[PDB]
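Starting off, we have a lone chain in the form solved without this ligand, written out as structure tokens.
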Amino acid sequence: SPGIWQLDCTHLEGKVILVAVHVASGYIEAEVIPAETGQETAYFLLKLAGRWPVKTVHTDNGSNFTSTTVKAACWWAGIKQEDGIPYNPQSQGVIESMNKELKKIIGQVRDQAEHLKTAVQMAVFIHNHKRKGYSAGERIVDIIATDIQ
């Protein structure tokens, strides 16, 4: 549970937003990329895994599941690469809802940033700090700390 992440790819302004969600907490990391490639996904995973203890990643689609560069990054970082098939059907809708929520935040900050990448990081900030009462940022830290102890 504490090491499980899900990849998610959404689109805005003719650009691609790559998202990793910590399943147990709802905490996210995200980046804007020109297009979703194996190489971009692999690089994003290397960054993620140096920052949080990533044990398992549910990939967002079959191309990233298949990508040799993604497989190389998962091997390098000690990550079990799995599919992201929603065997639990509620999973699709939950990801859908997050994407809409993220796009909504982006719209609310879009004025304060010249570049989309900046607005996305602002949206990450707002999402992770939002009290729902703990925040996603508080939850991920508590979950991982409990796992260590």
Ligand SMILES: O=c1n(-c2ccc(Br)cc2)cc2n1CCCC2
Second form
2 protein chains.
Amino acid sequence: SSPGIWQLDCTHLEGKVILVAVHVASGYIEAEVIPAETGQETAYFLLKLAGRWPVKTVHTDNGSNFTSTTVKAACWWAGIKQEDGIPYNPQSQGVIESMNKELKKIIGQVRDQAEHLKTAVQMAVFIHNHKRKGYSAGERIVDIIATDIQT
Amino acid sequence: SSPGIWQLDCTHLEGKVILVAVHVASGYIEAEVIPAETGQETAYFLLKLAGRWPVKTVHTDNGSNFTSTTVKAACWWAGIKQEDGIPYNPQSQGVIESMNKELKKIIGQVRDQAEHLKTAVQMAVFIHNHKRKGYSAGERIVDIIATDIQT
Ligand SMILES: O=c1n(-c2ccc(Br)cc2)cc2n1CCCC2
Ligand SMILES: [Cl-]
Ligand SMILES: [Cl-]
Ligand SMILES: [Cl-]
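Take the protein just shown as the form solved without this ligand and give its structure as the form deposited with this ligand bound.
Now the complete complex, all chains and molecules, led by this one.
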């Protein structure tokens, strides 16, 4: 199950919304800037994600996206099991919180290199996914999925 | 090195532009709809791509993008070797052409399920990357990159 599990996360900066998908087992992320977190924006984001990686399960970021007919339609279309994001394990909240703080720190470090926030966010995605902690998140996700394919 | 080689491709539909990146060894793709193919749009697309996969070399789709200072700046930022896309092997032009025709066929098959072209394009990316040819393009890219990380 673990190779296909992702978590949605919504954070705010500069009066805008940054929508993040985290591959839970690796820490690998994809992210986008949107005007506001609507069902239509979340649905489209999930469609993109699932065309790019083998997304089996998504823990949604809030109850509005869990309820959304548009989000449910995208999950149906893309073969995604839509689940809640209730942190039954309480360390999940702290991990997400730490991630948002770290992403915002990186955005700050690149902000002056980017005219638009969306460029800074994608620079932050790049830096995060390439950072060695020794393997990177990008290396870990590929290894996890490749091992799963060989089953 | 083949695991890191991508090719840019620009095709047109409904008076709009579809920008495609193909992982040459696997056939895996990412794509976006843009109003027009500018250096700024191409640069941003490459930044996104390189944050998500280990992009070493990009064969650019035309001379304007090869020349573009904005595209060159993004390639510099993201650690991408920007190359030309001259088909020294002539089978390349046919492979790209066949890809565009197939993508447009899939878009036609889903078009009525999508209000906006961009949704149809992402549905086509999904269908293409999951199609078993027996492995899918999505499976092939992960295997190729995972083997490269391990060797
Ligand atoms: O590195 C991260 N993150 C993460 C993602 C982005 C940033 Br920026 C910081 C941490 C989230 C997780 N992991 C590892 C596995 C648990 C989930
Ligand atoms: Cl919002
Ligand atoms: Cl949208
Ligand atoms: Cl154009």
